[PDB]
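4 protein chains.
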Amino acid sequence: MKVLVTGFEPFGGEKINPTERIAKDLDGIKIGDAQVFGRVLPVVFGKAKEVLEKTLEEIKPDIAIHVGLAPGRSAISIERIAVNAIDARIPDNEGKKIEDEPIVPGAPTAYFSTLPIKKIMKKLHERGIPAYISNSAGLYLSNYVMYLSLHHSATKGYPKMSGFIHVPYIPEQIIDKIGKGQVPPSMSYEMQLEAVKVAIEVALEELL
Amino acid sequence: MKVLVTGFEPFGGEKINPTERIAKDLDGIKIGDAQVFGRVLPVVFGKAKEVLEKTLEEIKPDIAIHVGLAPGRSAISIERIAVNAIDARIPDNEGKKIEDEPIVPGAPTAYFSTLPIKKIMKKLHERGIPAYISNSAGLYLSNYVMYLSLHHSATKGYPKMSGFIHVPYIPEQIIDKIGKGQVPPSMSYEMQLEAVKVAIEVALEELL
Amino acid sequence: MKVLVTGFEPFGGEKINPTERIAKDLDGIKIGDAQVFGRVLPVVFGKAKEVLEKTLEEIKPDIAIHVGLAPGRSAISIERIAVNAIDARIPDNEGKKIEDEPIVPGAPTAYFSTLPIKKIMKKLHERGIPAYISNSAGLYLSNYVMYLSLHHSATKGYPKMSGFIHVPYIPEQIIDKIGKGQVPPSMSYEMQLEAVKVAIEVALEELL
Amino acid sequence: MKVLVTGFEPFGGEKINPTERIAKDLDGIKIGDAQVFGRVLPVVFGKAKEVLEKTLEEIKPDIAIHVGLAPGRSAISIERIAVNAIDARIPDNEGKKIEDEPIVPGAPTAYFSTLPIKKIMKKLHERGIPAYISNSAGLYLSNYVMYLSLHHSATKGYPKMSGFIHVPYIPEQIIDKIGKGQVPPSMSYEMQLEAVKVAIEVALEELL
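Chains as they are written, first to last, in the authors' numbering: chain A, 1 to 208; chain C, 1 to 208; chain D, 1 to 208; chain B, 1 to 208.
Derived from the structure by calculation, the hints contain no laboratory data.
Hints may contain errors.
Since copy identity is lost for identical chains, a pair holds within one copy or between any two.
[Unchecked claim] Here are the simulated DSSO-like cross-link-like pairs (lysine-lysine), alpha carbons at most 27 angstroms apart as the crow flies:
hint	residue 1	residue 2
1	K97	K177
2	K15	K177
3	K24	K177
4	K177	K96
5	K197	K156
6	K177	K119
Modelling step: build the complete structure from the supplied sequences, incorporating the hints.
What follows is the structure, given as structure tokens:
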């Protein structure tokens with residue numbers, strides 16, 4: 001068994017992206033006889049697609065779990081659907097702002113996550129980790145990779161399972177926000193890392 | 001040096017109140033040569049006043065830090081002011097619902113917290129703990145005790161410092177909320193307990 | 001030219017549904033040489049499908065604009081995508097609660113709205129009406145009808161344009177909410193009705 | 001009978017302040033045998049105090065209702081208390097940023113609004129206008145004037161009634177916010193103006 005976990009670099013002014021640590025922290029660990037690979041993707045259209053495709057092609061994971069930062073969200077959110085579209089509210093890390101454009105022309109309008117999202121959520125609740133199902137991963141880079149991953153799956157037959165998980169800001173990221181007159185929700189890094197491992201575990205239990 | 005920390009029992013349907021554990025967890029510990037006392041107050045008008053008065057009178061703390069649950073708040077909030085009024089949106093744990101009534105007739109309309117609130121907040125930020133200054137502790141039991149405590153201070157000369165701190169829901173309390181179609185902010189119990197100790201420490205450093 | 005506008009009856013305990021009045025208010029009016037038909041759909045799975053199919057089949061509209069109540073949303077929201085799924089958080093008006101089930105088995109995972117959503121939004125802004133693009137209409141009845149409508153469109157060739165618009169609570173609906181300790185956003189009925197007419201107009205300008 | 005209504009000029013980057021129109025719109029009108037005076041105050045510490053004091057001294061109102069913009073609030077909010085403190089998160093329109101400073105040294109920590117706030121709220125509800133009681137008017141200019149007004153009242157014996165009312169953004173102000181990736185609540189200008197007249201009316205009915 002091989003599992004691929006990806007995270008994203010900082011973006012939109014944020015100095016950190018909790019998903020970057022998550023990916024690095026999970027890279028190389030083993031859960032049962034399953035080997036986990038952690039890779040950090042750039043918040044850049046195009047380049048991110050290349051890194052993703054090469055990684056999937058090089059590792060050929062059975063399961064692919066992509067994690068991203070969802071500023072403002074109060075709990076762990078498991079994405080149910082990836083849509084074939086890009087409409088960036090802000091530019092990516094290269095300065096490009098793509099608006100109303102398909103990710104893969106002619107490809108399906110959308111793909112359902114193949115991760116056992118309800119069991120993952122239920123398992124997190126048992127661990128006392130707030131989590132829910134999101135029906136939109138935005139139309140920025142998180143959705144971008146989530147879509148490409150599921151498309152690769154429907155196209156090449158692997159990974160067997162692919163999905164996306166969004167995590168809230170970690171506490172320390174809230175500090176400089178307070179000054180700007182507003183305090184968004186946060187979740188400790190430990191609970192976030194824990195949530196992803198749980199997701200991997202439930203995914204492994206399910207996959208075959 | 002003697003420090004008094006209070007918490008509240010569950011209320012409003014909640015099965016737990018993180019401040020109850022905090023009080024019990026801090027009871028009996030020593031921070032430097034300072035003895036900390038932890039007491040859980042009932043979410044009941046009148047009865048809560050008696051317990052508070054007796055405790056203050058029995059222990060005669062130099063510092064009094066009262067902690068409560070603020071459902072919906074996303075970070076640690078340090079109260080700046082206690083108002084001489086009661087206007088309960090819901091009844092207390094005894095079924096009574098007091099509306100537009102003074103706490104202490106003839107007493108001052110309000111009292112400023114005597115805790116070094118700005119330093120406490122600043123110290124929490126350094127620890128990476130989101131925190132801010134709240135200018136209203138509500139008009140329920142949190143405000144009730146905060147007011148009575150500061151009134152006891154202005155009246156008897158002790159404690160020298162008195163204030164109130166509100167904490168968010170802890171993660172596990174969010175689980176059953178998700179079903180009811182809504183996910184409020186939360187903060188891990190560990191960070192909450194930590195925040196209170198920090199507050200105590202900064203208070204001790206300040207007090208004399 | 002024929003335009004079909006639908007609304008929903010009250011649901012989830014709400015005594016009113018602003019979209020019901022909207023539909024009734026727009027029924028029978030003419031915008032240019034375009035005849036508008038307003039119909040109120042029941043917040044009931046299955047039954048709602050029948051009413052929708054019959055209405056579309058009987059009127060055979062060139063444009064179909066379905067409106068619904070989105071409790072909590074602060075401005076007019078134009079839906080970008082309808083997904084082939086049902087996962088009701090609450091039961092419908094008949095007491096049934098469908099979870100994780102497709103709307104049309106074997107049908108596409110999702111459909112993009114064919115209404116000129118960006119122009120509609122832009123036109124509303126010019127009128128000073130807050131509006132934005134929503135990328136998820138929920139998985140309750142709004143999404144249900146939005147999907148069925150676009151599926152009917154891809155299947156029968158009509159209507160040429162189909163989409164969904166969610167409106168906030170109208171002010172009067174907020175009154176009894178205040179007691180329950182919370183005040184959600186609202187938008188006056190007049191602005192809501194106005195927004196829908198604008199949408200119809202932009203749709204007509206676009207359609208051919 | 002004489003009633004004084006004040007509003008504020010634009011501030012914090014906002015190009016408009018709905019309270020400015022409200023004041024101008026109500027200036028000179030008569031409600032029964034009561035003469036209403038509408039004055040716009042500058043969002044400037046010090047200068048605002050002078051304008052307020054001169055106005056109160058020149059008109060010597062029986063009732064003083066001060067209105068302000070509360071960005072983000074979803075309904076009409078009637079302030080219950082004014083605190084003797086300034087802690088500006090942002091500078092005023094002259095560039096000054098006052099932090100942790102009393103408004104009137106030696107004066108009471110706080111003043112309760114003398115307007116019949118509960119009746120005003122109840123009357124607005126009957127009109128279908130969402131409204132609630134706020135227990136904090138912030139520590140910026142709204143609180144500043146609210147305090148000074150009630151202090152003038154306790155000091156000079158007039159006005160007999162003084163209070164503050166905060167209104168949400170009006171719809172048009174939300175338009176350019178949408179771009180910045182966020183849509184706060186709003187309330188039509190008409191409902192806002194209406195709410196203030198109601199407040200004046202209830203105040204008149206009450207005052208003597």
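When no copy is named, should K177 and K119 be tagged within, between, both, or neither for a Cα gap of at most 27 angstroms?
-> The answer is between: 18 angstroms across copies meets 27 angstroms, while 34 angstroms in one copy does not.
Can you give me the call for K97 and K177, within, between, both or neither, at a CA distance of at most 27 angstroms?
-> both (25 angstroms within a copy, 18 angstroms between copies)
Since the copies are identical, ignore which copy is meant and state whether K15 and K177 lie within 27 angstroms (CA to CA) inside a copy, between copies, both or neither.
-> For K15 and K177, the Cα distance is within 27 angstroms both inside one copy (12 angstroms) and across copies (24 angstroms).
What label fits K197 with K156 when the C-alpha limit is 27 angstroms: within, between, both, or neither?
-> within (26 angstroms within a copy, 47 angstroms between copies)
Intra- versus inter-subunit Cα pairing at 27 angstroms for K24 with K177 = within (26 angstroms within a copy, 32 angstroms between copies)
Is it within, between, both or neither when you check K177 against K96 at 27 angstroms Cα-Cα?
-> For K177 and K96, the Cα distance is within 27 angstroms both inside one copy (25 angstroms) and across copies (21 angstroms).
Violated hints are absent here; each numbered hint is respected by the structure.
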